[PDB]
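Given next are the chains, with one letter for each unit.
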Amino acid sequence: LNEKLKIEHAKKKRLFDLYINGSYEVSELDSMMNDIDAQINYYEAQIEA
Amino acid sequence: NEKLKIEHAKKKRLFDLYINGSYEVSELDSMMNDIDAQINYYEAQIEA
Numbered sequence: 351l352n353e354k355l356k357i358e359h360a361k362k363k364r365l366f367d368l369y370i371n372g373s374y375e376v377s378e379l380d381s382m383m384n385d386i387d388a389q390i391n392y393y394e395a396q397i398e399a
Numbered sequence: 352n353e354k355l356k357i358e359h360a361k362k363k364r365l366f367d368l369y370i371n372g373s374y375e376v377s378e379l380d381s382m383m384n385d386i387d388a389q390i391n392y393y394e395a396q397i398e399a
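Chains as they are written, first to last, in the deposited numbering: chain B, 351 to 399; chain A, 352 to 399.
Extracted from the complex, chain B is given alone in its bound form:
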């Protein structure tokens, strides 16, 4: 499950890279980045809280 949380972290690094590569724009980046950042919050604690 730790990796499953690291997955959410792994997305950020790639998502930034994708945007940086010119694949995505800021507008679409924001909603996605926020959703994934939100997504982390759902899978943040639970196992250890």
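Fair warning: there could be bad hints in the mix.
Cross-link-like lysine-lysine pairs, in silico, DSS-like; alpha carbons within 30 Å at most [unchecked claim]:
#1 A/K356 <-> B/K363
#2 A/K363 <-> B/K363
#3 B/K361 <-> A/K361
#4 B/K362 <-> A/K362
#5 A/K362 <-> B/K356
#6 A/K361 <-> B/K362
#7 B/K356 <-> A/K363
#8 A/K361 <-> B/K354
#9 A/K356 <-> B/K354
#10 B/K363 <-> A/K362
#11 A/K354 <-> B/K354
#12 B/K362 <-> A/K363
#13 A/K361 <-> B/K356
#14 B/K361 <-> A/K362
#15 A/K356 <-> B/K361
#16 A/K356 <-> B/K362
#17 A/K363 <-> B/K361
#18 B/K361 <-> A/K354
#19 A/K361 <-> B/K363
Listed next, the stretches of chain A that the computed footprint assigns to chain B, with coverage defined by at least 3 CB atoms under 8 Å from CB atoms of chain B [said to hold, decoys possible]:
#20 361–369
#21 393–399
No wet-lab data here; the hints were simulated from the structure. For every residue, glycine included, the Cβ atom is placed at its ideal position computed from N, Cα and C.
Got chain B; can you put chain A on it based on the hints?
Just chain A now, kept in the frame of chain B:
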């Protein structure tokens, strides 16, 4: 050389993220460091 200008564009997009209150500066600076690192290596190639 046609190797930095792509990084220049890469570095350009990263700078825009700094204006929004979102994201984390640590994430941006760390990537920026990686971006800038490739440049300095790319630059000093003429002498060798």
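Are any of the numbered hints broken by this structure? If so, which, sorted upward? 9, 11 and 21
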